[PDB]
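A single chain, nothing else alongside it, follows as structure tokens in the form solved without this ligand.
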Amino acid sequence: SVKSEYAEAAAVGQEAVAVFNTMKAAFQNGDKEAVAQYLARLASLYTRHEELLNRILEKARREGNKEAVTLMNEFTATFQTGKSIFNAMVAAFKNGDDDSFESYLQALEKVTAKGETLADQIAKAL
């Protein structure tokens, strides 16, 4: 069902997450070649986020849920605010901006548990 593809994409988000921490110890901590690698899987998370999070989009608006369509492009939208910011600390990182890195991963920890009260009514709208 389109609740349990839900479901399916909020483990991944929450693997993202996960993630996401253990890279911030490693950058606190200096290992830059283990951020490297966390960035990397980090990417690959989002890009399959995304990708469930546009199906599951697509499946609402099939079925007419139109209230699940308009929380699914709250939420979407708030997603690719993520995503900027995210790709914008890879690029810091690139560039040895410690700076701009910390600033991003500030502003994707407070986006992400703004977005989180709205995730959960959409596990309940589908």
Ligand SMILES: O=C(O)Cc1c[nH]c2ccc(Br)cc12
Second form
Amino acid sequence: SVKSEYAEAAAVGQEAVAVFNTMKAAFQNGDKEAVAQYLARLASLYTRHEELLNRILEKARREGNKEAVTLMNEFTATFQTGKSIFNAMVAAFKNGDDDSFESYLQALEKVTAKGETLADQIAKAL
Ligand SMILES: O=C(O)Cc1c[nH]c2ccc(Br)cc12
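Now the other one: the form deposited with this ligand bound, given that the block above is the form solved without this ligand.
Starting with the chain above, the whole complex follows.
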């Protein structure tokens, strides 16, 4: 069902949180070889999550589930805010700009934290 697909997409989101928090510890420790690998792992996790959410949104549209479509449009817009902040963070790591990396990291934590009430609303709506 779309609801079990949403549980699967959500688990992937939680994998990214786990990897992201491990990556923040590596960044703080200056272990850039680990950070590089966690940033590759996070990209693949975000590209997977993004595609799965798009399938959920498209299914909700085909089902005519107007409330789920509304909430999924709001969430997939915010997902792009997070994804943009992540990509800037990757660029800061490439450029050796730890100040920008720190900044983008906190922004990505706050963007994610904000979008959690809506993430849990979508589970109940589908
Ligand atoms: O997860 C998505 O739906 C979009 C996305 C694609 N790449 C990302 C990287 C970080 C964060 Br946060 C989000 C993304």
